[PDB]
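Up next is subunit A:
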Amino acid sequence: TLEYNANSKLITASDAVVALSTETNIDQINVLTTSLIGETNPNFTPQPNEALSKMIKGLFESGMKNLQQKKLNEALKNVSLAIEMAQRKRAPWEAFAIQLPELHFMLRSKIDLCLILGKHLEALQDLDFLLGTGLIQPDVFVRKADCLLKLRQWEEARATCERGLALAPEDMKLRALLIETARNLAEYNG
Partner candidate 1 sequence: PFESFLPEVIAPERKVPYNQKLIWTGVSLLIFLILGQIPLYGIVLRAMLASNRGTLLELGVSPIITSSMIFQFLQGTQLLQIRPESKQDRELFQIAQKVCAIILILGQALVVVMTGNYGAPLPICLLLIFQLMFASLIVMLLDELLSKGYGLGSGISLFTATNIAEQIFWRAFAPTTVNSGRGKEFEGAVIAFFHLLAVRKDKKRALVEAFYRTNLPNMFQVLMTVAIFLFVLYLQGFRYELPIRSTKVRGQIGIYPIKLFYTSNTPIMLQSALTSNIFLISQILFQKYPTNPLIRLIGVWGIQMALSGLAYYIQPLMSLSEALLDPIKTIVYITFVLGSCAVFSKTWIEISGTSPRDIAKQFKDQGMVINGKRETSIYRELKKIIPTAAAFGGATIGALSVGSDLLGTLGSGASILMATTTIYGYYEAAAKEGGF
Partner candidate 2 sequence: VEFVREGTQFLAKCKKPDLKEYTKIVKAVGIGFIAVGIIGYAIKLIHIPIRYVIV
Partner candidate 3 sequence: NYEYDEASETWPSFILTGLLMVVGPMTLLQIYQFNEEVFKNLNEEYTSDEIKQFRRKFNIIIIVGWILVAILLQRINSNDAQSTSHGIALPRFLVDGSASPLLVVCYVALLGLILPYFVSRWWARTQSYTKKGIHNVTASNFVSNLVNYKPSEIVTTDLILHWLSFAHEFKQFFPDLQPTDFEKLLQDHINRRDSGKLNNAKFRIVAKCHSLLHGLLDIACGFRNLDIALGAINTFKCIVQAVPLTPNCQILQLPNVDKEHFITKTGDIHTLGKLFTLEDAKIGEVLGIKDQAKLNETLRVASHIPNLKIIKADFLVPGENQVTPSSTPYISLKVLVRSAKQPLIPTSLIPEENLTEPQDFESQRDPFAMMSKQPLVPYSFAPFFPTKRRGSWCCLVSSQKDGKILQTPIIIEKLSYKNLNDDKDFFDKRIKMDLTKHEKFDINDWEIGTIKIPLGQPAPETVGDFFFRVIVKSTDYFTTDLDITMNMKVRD
Partner candidate 4 sequence: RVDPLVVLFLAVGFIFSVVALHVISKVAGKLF
């Protein structure tokens, strides 16, 4: 079953245990309802909003400003808040070809900052998402193999370097990464 709130207009399943599909569908319906309550015009167009994009850009600029001032802690926080706001306060029916590249452009800077700071697992997961969602470039496999070497996974690092060289065989950093991976693996087996 499922109960319907009155003042918040949010649907919640009052059952003891629920499946995962039911829960994610109820969450999607809640998101769509919270968007429709806010958007006024009944015949809404897939055209993106303006004030939300302005706020997101302002937050991302305030986060990028701290790099020039050499504060690598609050810059990452501001970038994370910008990404969270972009993923939270944006209606689902907005243009996908405009909603995806902004996420890519902010996630790239977040990845660079997390890699420079010292966090490697978060950066590795961000690289994996960014590569599985449709972005394959030689500037991705370099960083992915870097993380996989920093947290000591040598077979995956070698496979990543090989797949990176199978796309841009003229690269000068993937070759050094492959040399280092081969050395570490030969010390690992011998």
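The candidate set was assembled so that all candidates are chains of the complex that A comes from, given by their letters.
The rule is simple: a residue touches a chain if its C-beta (ideal position, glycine included) is under 8 Å from a C-beta of that chain, and two chains touch if they have at least 3 such contacts; residues count from 1.
The candidate list 1, 2, 3 or 4 contains one chain touching subunit A in this complex, and it is 3. On the side of subunit A, the complex with candidate 3 involves touching residues 132, 155, 158-159, 162-163, 165-167, 188-190.
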